[PDB]
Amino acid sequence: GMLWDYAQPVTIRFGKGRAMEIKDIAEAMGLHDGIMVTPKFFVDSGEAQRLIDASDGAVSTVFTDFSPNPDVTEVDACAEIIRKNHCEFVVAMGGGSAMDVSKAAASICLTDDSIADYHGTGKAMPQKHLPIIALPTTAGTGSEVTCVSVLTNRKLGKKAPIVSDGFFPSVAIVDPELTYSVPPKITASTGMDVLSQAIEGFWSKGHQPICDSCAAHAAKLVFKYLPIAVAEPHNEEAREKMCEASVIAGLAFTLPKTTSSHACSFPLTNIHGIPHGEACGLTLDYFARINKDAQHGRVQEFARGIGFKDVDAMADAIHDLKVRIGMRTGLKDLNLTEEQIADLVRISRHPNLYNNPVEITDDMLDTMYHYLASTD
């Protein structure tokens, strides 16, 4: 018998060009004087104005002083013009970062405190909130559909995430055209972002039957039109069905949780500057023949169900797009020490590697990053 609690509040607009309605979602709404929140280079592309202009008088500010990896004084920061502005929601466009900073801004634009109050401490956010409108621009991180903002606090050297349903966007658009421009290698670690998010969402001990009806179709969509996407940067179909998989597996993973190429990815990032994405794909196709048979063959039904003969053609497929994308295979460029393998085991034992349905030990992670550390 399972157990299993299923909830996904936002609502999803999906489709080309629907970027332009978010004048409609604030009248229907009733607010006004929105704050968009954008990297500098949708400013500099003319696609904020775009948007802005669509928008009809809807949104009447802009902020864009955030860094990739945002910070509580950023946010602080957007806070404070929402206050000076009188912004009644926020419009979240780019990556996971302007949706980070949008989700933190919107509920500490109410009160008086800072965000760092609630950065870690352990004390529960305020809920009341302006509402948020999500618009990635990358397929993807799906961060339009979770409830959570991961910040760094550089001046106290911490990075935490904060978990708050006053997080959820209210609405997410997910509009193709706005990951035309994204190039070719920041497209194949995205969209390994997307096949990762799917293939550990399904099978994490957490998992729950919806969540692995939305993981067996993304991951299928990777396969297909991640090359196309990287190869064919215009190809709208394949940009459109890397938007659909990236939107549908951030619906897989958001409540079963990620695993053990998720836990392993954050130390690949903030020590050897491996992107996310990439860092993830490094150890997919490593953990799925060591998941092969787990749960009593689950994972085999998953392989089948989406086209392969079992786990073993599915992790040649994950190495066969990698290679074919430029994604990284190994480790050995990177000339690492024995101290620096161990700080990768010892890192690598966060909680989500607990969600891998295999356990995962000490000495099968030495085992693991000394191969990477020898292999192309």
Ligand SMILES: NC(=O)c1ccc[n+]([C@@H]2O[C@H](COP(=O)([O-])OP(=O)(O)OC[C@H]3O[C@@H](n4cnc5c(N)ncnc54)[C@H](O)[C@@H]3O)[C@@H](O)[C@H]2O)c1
The other form holds:
Number of protein chains: 2
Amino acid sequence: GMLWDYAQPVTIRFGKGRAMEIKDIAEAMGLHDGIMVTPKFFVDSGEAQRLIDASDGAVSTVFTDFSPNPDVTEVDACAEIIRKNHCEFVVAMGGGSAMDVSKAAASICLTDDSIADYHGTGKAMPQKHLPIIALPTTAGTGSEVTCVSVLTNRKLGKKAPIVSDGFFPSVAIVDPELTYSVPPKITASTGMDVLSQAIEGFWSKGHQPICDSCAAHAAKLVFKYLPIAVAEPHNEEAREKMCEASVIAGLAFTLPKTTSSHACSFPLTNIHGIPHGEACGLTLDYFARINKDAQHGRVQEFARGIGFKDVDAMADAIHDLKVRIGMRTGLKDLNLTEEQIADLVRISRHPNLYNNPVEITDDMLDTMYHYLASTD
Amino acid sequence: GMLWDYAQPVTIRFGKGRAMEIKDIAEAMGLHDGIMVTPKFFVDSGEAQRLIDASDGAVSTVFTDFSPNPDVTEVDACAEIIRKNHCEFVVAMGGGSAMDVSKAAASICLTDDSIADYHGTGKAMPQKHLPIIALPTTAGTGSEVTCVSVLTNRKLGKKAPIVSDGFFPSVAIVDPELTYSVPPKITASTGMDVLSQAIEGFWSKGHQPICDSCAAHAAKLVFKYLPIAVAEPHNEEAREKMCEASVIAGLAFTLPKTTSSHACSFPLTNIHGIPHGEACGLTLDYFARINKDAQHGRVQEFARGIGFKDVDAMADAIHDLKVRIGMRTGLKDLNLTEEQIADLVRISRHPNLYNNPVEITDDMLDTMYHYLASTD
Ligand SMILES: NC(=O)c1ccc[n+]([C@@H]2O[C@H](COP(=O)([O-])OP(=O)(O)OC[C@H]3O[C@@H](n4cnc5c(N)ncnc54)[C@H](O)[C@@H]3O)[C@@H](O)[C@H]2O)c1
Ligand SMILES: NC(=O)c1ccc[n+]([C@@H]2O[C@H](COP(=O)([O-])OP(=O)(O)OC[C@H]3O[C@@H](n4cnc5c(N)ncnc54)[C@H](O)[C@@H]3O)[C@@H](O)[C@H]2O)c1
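Return one more block: the form deposited with the ligand bound, after the form solved without the ligand shown previously.
And the full complex, kicking off with our chain again.
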């Protein structure tokens, strides 16, 4: 017997030049006076003002004060702006960081309580929220189809996600044109994040068939088009394909969740400043050679479906992919101490690690990090 | 570039024995007193009361007065029942016929007009309705994840579908136990209906990547388990695997729509009484040999993705599948006249026919129908 649930209530509009259709959603939903949460890059580049003028007065205010690693203070700061201008909907035009505070601010601006009162403290988020129109500009994190908002508390040293049914965006416009301006180094990291969510989402203990079809489709696209997009940022086909894999791979991690590589990326990112997708890719092919034979050859069928002889052949491609696009293949330059390696193992015992098809023991993490700390 | 919209607002609770969870959905929504629209077979078998008592007062009334091809009068008869008993939600436990009157009667009971006032005339349905909990009992048509309600106007001699966003069921519980009681002949016909909507849904003109990932997963499951479900009606795994492919193929054809085998199946059913799934599969392999080199080798990559050397190897698998499960391979026993063959050509020119990649001219229809008239 196989039991599973599937819920995906985010409408998706895909196509180049469809970011101008924000006026079509604010008129159909009957919503005026919107706030666009976008990084300051799009403000100085005129791309933000181009869509606001196209919306024809639908969007009024703009909020750009937030970090790539967003804090709980920028969420309440964005919530205060919504409370003042009486904003009805929230536009999230950015990467995984601009869309993280948009989900949190749209639900918290309807209460007089801080966003910290629900940040990993057991308190459930109020489901009442403003509508969200996610416009991802990186390909990506797939956050435009998830109910997750990853935040940080600098004054309290806390960093934990918040999962609420009210964080689901109503509409998510995936425009590949907004990804043209992504630098090659970020394109490679965000591309590895798509590949990690696709592979981890498949071999997860909470897998389901609808997510597997999306996971296999997105993974094959990353192996083919991601090197092209890194080398050629203006390649319209390679960018559009990466957006295709990005939103589709997001549909494979919302329910089955992620496993080992995402559990190890949290210490590799927060402690050592390694970007998220690059930290996940740092251990992707490592756990692949471990889970290759689990689930009665199910992972072997995944590799053959995307065009590989075995899983070890697929793990070789993941390694050749990271080298060609300039991603980390080791941690020898960090000069990690035995205390730091032991810190990597203790913090890697995350709830996501238990979703791995093969039980990862502490002796395995100690072997992996000692191998990573001794590799260029 | 690629342009496509994706909207799947149905919640899928898949699992063996999860039909008892009507109480959970009614309690979570805080709803009581529901009307269960089901065929009379499930009442005579006690399966309807097993779920009424499992809901523990959540479901109160039962409606069983509708034909396999549902008439508008049977909808208003069910609508007036909800008006006289004020039910709060609709339970659709049955085939496509039961899930097509549950969509119309849930929206028309809130009004005072007849459901025929929106049947083919073009008048939009009111977007206010009662919640729908779809419990499909075949595998299938996927009506639990679509917004179309195929009806029939017997007094007016018309059979036209109705498409309304308010017809989307809230939750679609897919339980393979409800399919154990399907006779092998109906299993084979409904089984071919899944493979049709998957193959047609893939090579359609309005194809999109999310639906194509689902189309390949569903098609690969039918080739392996459909003969098992036919020769072994109580095979639990074969039944579950057919239920899995049926709901996944529902998401595959709801947006890209159907192509030629569905356009040719409508005259094969209303005039000659051939079941829908059997009438679709009667021409499915014929159009495959036409669309093999279409869309720049796209259908070729589809056949290799599911495990065939080419479409020709897949077309042979379709033929051998129908012979093993006892589906029509020709129309020689009908002894069709030259008038009848030309009558099938006229009616087969349906709007869904133009969705085929290769153009289906009237001469190709005349050639195909004359070929089937000479085939056993
Ligand atoms: N919410 C979720 O479900 C989810 C899932 C995974 C990761 N995340 C979090 O999301 C963040 C990652 O998001 P990311 O992977 O998009 O990077 P990002 O958006 O965090 O930061 C990327 C940087 O690129 C800059 N940039 C320059 N030109 C750009 C352009 N043309 N388009 C977009 N950005 C441009 C942005 O200003 C930003 O500083 C991490 O903090 C990660 O933890 C969230
Ligand atoms: N709305 C949609 O998305 C969609 C898609 C395809 C077809 N359809 C329509 O739906 C109908 C076809 O649905 P179907 O293929 O289920 O045909 P159908 O609805 O006739 O199947 C129901 C019949 O199956 C028989 N049956 C015997 N044992 C059964 C059992 N144990 N469980 C269920 N039924 C049993 C009964 O006679 C019952 O009337 C047609 O009217 C077709 O046009 C709708």
